[PDB]
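Before any questions on binding or motion, here is one chain by itself as structure tokens, the form deposited without adenosine-5'-diphosphate (ADP).
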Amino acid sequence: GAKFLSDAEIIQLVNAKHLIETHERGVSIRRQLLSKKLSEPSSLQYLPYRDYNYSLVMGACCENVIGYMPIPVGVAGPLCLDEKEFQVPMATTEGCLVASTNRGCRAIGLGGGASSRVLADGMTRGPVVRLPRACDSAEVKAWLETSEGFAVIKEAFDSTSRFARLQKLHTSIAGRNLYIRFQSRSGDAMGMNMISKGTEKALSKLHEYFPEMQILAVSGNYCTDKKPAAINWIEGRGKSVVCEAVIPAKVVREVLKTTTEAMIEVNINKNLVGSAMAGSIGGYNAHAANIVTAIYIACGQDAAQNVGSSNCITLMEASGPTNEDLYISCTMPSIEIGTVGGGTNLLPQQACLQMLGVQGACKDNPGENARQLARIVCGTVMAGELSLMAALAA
């Protein structure tokens, strides 16, 4: 069919208002078509495209594909976390970020290592519905708060998928509007699509009970997905995680080139008081976003979710017998993460997840690989906080 034609001929056919057998040649043709519309057609010459596996990308991850964008991947490690060691991949183009995180890791290792805990777990979706009157939306809120109402909604939600297991609902009214926050674990997937499908069936079951209910939007921004929101900071979203470590005074001096007292003075007055003066919600840290973003790009995550996933409060305190040691913790209530689906279906992304031992589904305990990866992120963020904060104090 298309194999017996040439490159010039197939371009002539689509131009004339009128399929291809190999994925890489389809990319090549799309690149040549695009060149015709650019002022500099030679601009694509150093954008690569050759010998990348487009089979896993077409239809699943990307459209109108013209190549790929290489992001340098460095390793910060070993990170000593919950009695294990992790070599953490970090895809970035910011100078010194991987070296600085690496120093944070070294400080943590010498201090006995870090311990972390996952405090909560459940991706959310927050549709907006409308009723004729505020008295009607109030009725629906009351009904969703009975055990009988919650049970029928749970049955409908949980029918859509193996890992669909609905947790306590959260609701807010604004006149005749009602926002409904559905939360559920989702195996090792980040869970956006799963929870959305569950939410649609739950909302259709709710329609049966309340026929005058309009479903205005399956996402009414009450989730909240990929925008700053106090609701994510307070209620959590995805994995809520806490990590901690004590850095001996000697290590703060030799490795970090500062003191425990100076580190505490900067953290309080930068990460708490300064974030406070700037009007931050959830941004009580130095640069958690750098680490989250770098790990996310390396590990096939949705990097747009660094908006909520980077929420972090970094606290530093005096510790030990002489009160000269550095206690540090990071608390990240809304880490949106997964080891199956999305960009984690791609082979290079899986290489980075494999380094950490979290690639794919955990067959023995659904959701444990994603939980582990969240812990690693929170741990690596803490390393980053240590090093950069030390650089600022000194």
Contents of the next structure:
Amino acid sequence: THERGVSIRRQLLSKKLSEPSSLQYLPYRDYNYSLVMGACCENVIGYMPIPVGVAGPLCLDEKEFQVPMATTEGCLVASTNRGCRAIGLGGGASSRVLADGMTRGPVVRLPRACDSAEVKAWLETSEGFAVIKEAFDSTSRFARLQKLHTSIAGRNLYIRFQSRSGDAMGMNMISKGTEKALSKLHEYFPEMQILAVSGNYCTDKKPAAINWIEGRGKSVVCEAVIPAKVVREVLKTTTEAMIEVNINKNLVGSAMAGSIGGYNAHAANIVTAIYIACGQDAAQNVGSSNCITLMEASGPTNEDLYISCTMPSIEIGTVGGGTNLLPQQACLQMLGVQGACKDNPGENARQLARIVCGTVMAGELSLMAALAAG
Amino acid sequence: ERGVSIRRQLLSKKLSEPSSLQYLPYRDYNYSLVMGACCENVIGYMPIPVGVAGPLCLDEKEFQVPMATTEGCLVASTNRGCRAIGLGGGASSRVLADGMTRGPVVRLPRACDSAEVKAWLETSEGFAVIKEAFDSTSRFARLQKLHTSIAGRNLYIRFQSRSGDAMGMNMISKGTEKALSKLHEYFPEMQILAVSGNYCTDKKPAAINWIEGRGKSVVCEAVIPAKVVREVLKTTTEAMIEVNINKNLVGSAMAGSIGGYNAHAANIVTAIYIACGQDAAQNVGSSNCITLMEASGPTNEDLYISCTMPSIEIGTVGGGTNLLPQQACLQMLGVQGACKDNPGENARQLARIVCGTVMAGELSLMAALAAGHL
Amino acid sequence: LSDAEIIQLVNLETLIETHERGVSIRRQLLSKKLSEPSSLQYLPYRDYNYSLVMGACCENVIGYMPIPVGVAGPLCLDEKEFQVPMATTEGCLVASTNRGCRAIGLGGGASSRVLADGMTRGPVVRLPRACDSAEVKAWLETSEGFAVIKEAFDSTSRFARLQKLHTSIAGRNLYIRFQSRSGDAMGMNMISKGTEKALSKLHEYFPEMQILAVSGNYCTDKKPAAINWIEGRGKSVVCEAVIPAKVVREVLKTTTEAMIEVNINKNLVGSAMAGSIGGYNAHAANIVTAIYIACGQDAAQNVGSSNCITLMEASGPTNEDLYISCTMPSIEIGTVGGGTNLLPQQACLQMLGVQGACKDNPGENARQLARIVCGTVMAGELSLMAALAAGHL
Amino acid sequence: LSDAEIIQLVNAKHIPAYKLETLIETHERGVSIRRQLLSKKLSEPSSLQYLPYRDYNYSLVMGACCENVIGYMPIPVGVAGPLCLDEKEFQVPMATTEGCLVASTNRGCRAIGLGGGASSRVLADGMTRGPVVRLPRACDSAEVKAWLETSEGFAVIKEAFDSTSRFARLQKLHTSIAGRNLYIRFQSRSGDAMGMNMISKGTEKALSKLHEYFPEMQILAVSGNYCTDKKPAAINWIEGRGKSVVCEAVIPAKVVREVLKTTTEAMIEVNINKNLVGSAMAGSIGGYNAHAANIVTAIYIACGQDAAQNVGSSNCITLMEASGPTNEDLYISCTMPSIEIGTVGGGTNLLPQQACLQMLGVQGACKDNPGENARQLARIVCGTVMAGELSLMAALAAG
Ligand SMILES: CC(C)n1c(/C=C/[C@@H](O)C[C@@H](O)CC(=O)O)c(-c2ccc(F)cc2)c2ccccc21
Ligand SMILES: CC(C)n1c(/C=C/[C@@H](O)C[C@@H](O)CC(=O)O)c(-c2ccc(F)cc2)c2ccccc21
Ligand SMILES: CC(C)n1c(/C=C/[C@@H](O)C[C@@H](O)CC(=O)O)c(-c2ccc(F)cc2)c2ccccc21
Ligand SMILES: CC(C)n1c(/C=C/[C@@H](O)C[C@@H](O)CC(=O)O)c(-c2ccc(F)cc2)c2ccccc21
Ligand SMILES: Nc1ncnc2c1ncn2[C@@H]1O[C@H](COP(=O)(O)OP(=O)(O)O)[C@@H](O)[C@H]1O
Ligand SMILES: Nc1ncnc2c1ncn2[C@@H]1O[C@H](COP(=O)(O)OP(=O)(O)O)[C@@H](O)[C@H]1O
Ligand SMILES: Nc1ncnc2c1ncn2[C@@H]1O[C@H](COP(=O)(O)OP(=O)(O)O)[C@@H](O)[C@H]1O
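Counterpart to the form deposited without adenosine-5'-diphosphate (ADP), namely the form solved in complex with adenosine-5'-diphosphate (ADP):
The next block holds the full complex; its first chain is the one shown before.
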């Protein structure tokens, strides 16, 4: 029994604590550890309950979504809910997925820079790419290599592998594919040393200009027009005040702070709340939060508010990892995107990415209105 | 709980799959603590598996670190890093700075006027007046410094202050409002555009946080004996150093990273933050870290490692730390709540634990990448 | 008419005969507006060929500014020896660079490779909605879409060959980065004309599209930008060399170990602490600037052309020798057009054997010059790093 | 006694070509001879034909500005103006080989002049040097950092630093740790000099003093790239380096129409989408402008500044807004936090460059208010950049 195994572990742990009675408030009973153990967590001593609230309906692409948000930050859900209301009263939001492809960026080294330059040229030919793709794609049915971006630093060569991965976030799958392609590359260049399967050129879980500029995972754009009456009555401000704050805070302020990818008010709050509720990798909030929020006067009198959010690097999935646990599957089902999209692999993950971008836009609208109105 | 059950009933009627909520738990949870403080429109809670890594031998003390995660092998890998550190005599850490920030943006009619306000804020009399207004909002709010930046007629003011054992965003924002109200008495022509002009910078990647710090700045170090590198980490000191330089330094530089000179600090920070009731969205800046390794000892075979994190945003009082399950994890570490005798000591100790655990995580993953053990 | 008579008619190159006199009159007129009338006394203007300058390189000309030119070399690069001209007013720069060349020469020379070649222009256009700009982005990503744009782009010149497109969306805005070869010219003018033509063609397919600016800062030209560092701009070059232990000791006055420790902690860790993007070197900008001024390049392009990462490591059977490499992804350079049309700067290009067009292999002179710049930067890095390591200031 | 004899003697493996001047009794002759020696090593011996070398005062250059001199490179100098700034009019010299740069800048000055002029302010002044030192352990480096942050520690360091020059005044110390490494950014005024030499000397003295209190400390490099000098860096953009300046102006609607050939609305739309959004898409730190580097570079070459410093000196954010009764006037401002400039020392010691500094009325030291000539020049650069931004933006907006 897994539940008793966790029980004993807590007893064994209890003796090493200065306050052994602390564990009494950490839950562990009535939980399915079958799905957890050997797949999601080790040395398990219980679980941490995170409150889940709902924001919506989010009117996006002619559909209505009830968005689950796991958070301990007061007013986050209520504020986001107000943004959804403004969007709904304005006829809804529209979104588009611009790119899709998870990456892995290993670093290999050759004896000389002249050699790494030779390897770079070969990878850039249609023939070089084709053989590397064949080796990469042979690891899984969903791993389809789309492109390579190679960069050198002397005798070092950084290779950014970008690939589709069905409805999965893709890290494991893309990593397995990269290992096989690097092995194949080694057969063509025996003098090549594989330094690390990840040379930080992906880039995974670290802020990086490469993710902002080339994208990682899903690149999405969302937009909406909020009528002047709605800006006044629901957001309690004016279109002019919203625009002035957007330019001076999200553009100029972020520029003064030396930000790369942080041209928004609080995309990270929304991304994180949705990620925790839906079994995503919350640590990926680092790059997934990249966003530029733009606002413009619209309509016959420049009284309406046009808003758009562009997020080039949303790392998300509806199969694998934490999405295999039942409570998180319930949240994915709420959105209608749980598991693989059998009819068209990747569609569930793309829909979830659009929902994230649309919810972020609702969050931006609400916070900006509050800052503008005081 | 009855209101929650009813909200769930109403919500289920708007879903494409009315049974979605079946596996989303909600019973046997105390919502009196959540309602009106941590979350709104509550429909239940999301259980995140909690594992333990340790003991972490830090500053002559041993810690059992709780980590909430759904990523397989993260806890086990971190645990291996702790083992290597423990076998090497432990780690040492130091808090270099402490101060949460808020960076509002105000505007004057002309750039010549904003320059005038700036010179004023830089005199001892100007700062004393602002500090008096700022510090009157709370017993624990003490303004340490001001950093101002001009962009034409706009002026960005970065207020930095201690906040006891609280993360401090609320306290600092209140003090900022009072200080600005006071500044407006001296400059009636000044317009307060937004209490946050993204110059803080909160929840967005920013060079200012990396360079000037935000929250707690911490450094930690350890020396791993050659025999431990071989037997516990399964690699050599030379392989570790080569990977650190080419991945964490050169690779991050090729990717255009600001503050991402590490392997996976974000994973550790996020896991600890969720378990301990911190703001997980703050993982964006809190994850900033530079990992350095070098050879030491009699024969240059031992491994010296250090991790420097200039912007850990953390607290042991307020927000999610008011909930019982998260207090249990803080108690496990011996840092729950306020430190009555020396305000801020519990928060500082938690920051040191985070930096030491990150270092354990870096050691383990780097060894795996170096040895080619995936 | 006398000078005093021409002045009263004013209260020039087309009016007066010779150019030197036009400049002389302009100087006399300007003098009146000066609080110190004799300011221009030491600003030379005589014996200079203004015919190549007027209506091409500068306007409202009042003379010329002499910049001292020194020579560093021989630079042993790719089995050839170069005598590098450097225009500078900074003491010890030429001597220091010369020392670096010596170390490289004593070590058997340096090797270099051009990894990429393509100047860029990044305009910004707008559509009524983001859903529309997304459609345009998708259209440009098709083989047929790119085919038509390339056709329009390429028709503007024999040397204009569009290699690729990189598009980025920001709401209803679309930034398009055009990249193309340009023979031996730096290519900004050629690429800008091709861009204009390609955008007109694009407008035929999407009439609702507004061309906001031919340059939307997505190029990026003369501003520090991560896009140039990551995707390159102009010529991307890498050079390397191995300096024998004996040479490090006797010529550079230090040790391989001290050099490596300084490189890692200054060029890597220090630049990381400073929040630098592309500045992982000691002083590439000094060399780039000195060569650019001497060879008629656009000195303002030093901003991105200076991007460089310098790496050092122990080498040889005993790990005693010094391996060094410099990688510069965005060298914006040319041997035809602009300042390279002036005689004194052509003299410096001729010294290097790269002046003008390479009729046999277009672009070869510009590529060779880029390799020389990267090799000279490496010589400069070696020398300054050795000085910092040994403490010889 | 003859060039041919001297050359034969040199070729007899006795003297390197660089120490020619220390043997001949005339600088110009050493140059002439070095050219002849260089000629025989070129694939094309006549290449030096059009590179001038005669009628130039090499006494100021040798041993101070350049070595192995073979001549000089003439850069055309044009004038843009008058630039109406702070109730004064300036005639700005610009050395460039880029067509239309001077004419375009001149058009921007005209628009500014017709609008009543520009206003500017110097917000900060202080050159920096950022050495890197190492302690045995990170716990030791943390200790040095805490010590430097005390009033006593700073006082001791300031005393050693300031003793190098009367113009040197250590304003602050920004330290950052990376494990056992400690980066210390020294910032100080330097009179009218750009200050790199003075600040480096003071840094060396301060580090020697610090080493007396921490003998375990190793000085790795007087410059650890934390200055940061001649490399793009967020620290310069955020904390400033040299002079931080802001300038502004209001261009009347009629002037935007008639002189700039566009509208206020078109200019604002281009500024936001190019200088703000475009630069953000490109991942720029400090490059929120159209072409500040062109103006900075042209002025720097003409005035004897260090042109390689264009890297950080060109940092600039250009902002435009609708202003006036009907929101048709154009308000513009340029903010440059890191202008590295000086009116004494280096290239400013040469006569032709002093002529350009005199044209602006800022040549040499300001006798009655040290640093005032350098500050005035920084304001001129920022105002000229603003004129350049106005003109190019109008051209891009109008098509
Ligand atoms: C409940 C929440 C949406 N939320 C936050 C605060 C949100 C923070 O987490 C992120 C924010 O710091 C990002 C930024 O704007 O830089 C604020 C708020 C923000 C800035 C401020 F100065 C004072 C209060 C706020 C105000 C009204 C309603 C909800 C609010
Ligand atoms: C369980 C975990 C510690 N964890 C991760 C992978 C961890 C990732 O989340 C972060 C990582 O992506 C950061 C980076 O290094 O860029 C890997 C791993 C990492 C990179 C790779 F190519 C293959 C496997 C790994 C290997 C062995 C044991 C644990 C591991
Ligand atoms: C003649 C020159 C090559 N050059 C420079 C100084 C070079 C500077 O322009 C760039 C440098 O500042 C870049 C950097 O290192 O960050 C120095 C020098 C550098 C730092 C120092 F503290 C003192 C002197 C130097 C020393 C010996 C020989 C030539 C030198
Ligand atoms: C003479 C000059 C003022 N100058 C330049 C070109 C200026 C370039 O050096 C810098 C520019 O590239 C910076 C940028 O905006 O990214 C252009 C120009 C600029 C961009 C373009 F697509 C076409 C022409 C231009 C147009 C009219 C008048 C002068 C101009
Ligand atoms: N529609 C789908 N999209 C992606 N993966 C799918 C799908 N259906 C099934 N799978 C399988 O589930 C796995 C995805 O989870 P996992 O292996 O943990 O990798 P990842 O880290 O990408 O989530 C793959 O082994 C794949 O074969
Ligand atoms: N005035 C100078 N002009 C050009 N190069 C110089 C000059 N002084 C020194 N050098 C360069 O520096 C190298 C070092 O010479 P020097 O400083 O005399 O030291 P050492 O002779 O002890 O090696 C020389 O080989 C030369 O390349
Ligand atoms: N205003 C100034 N700013 C910077 N350096 C200055 C200034 N005035 C003088 N100097 C420096 O001091 C040197 C000598 O001038 P100064 O100190 O005034 O003494 P003196 O009495 O010999 O003129 C000059 O060569 C220059 O380097």
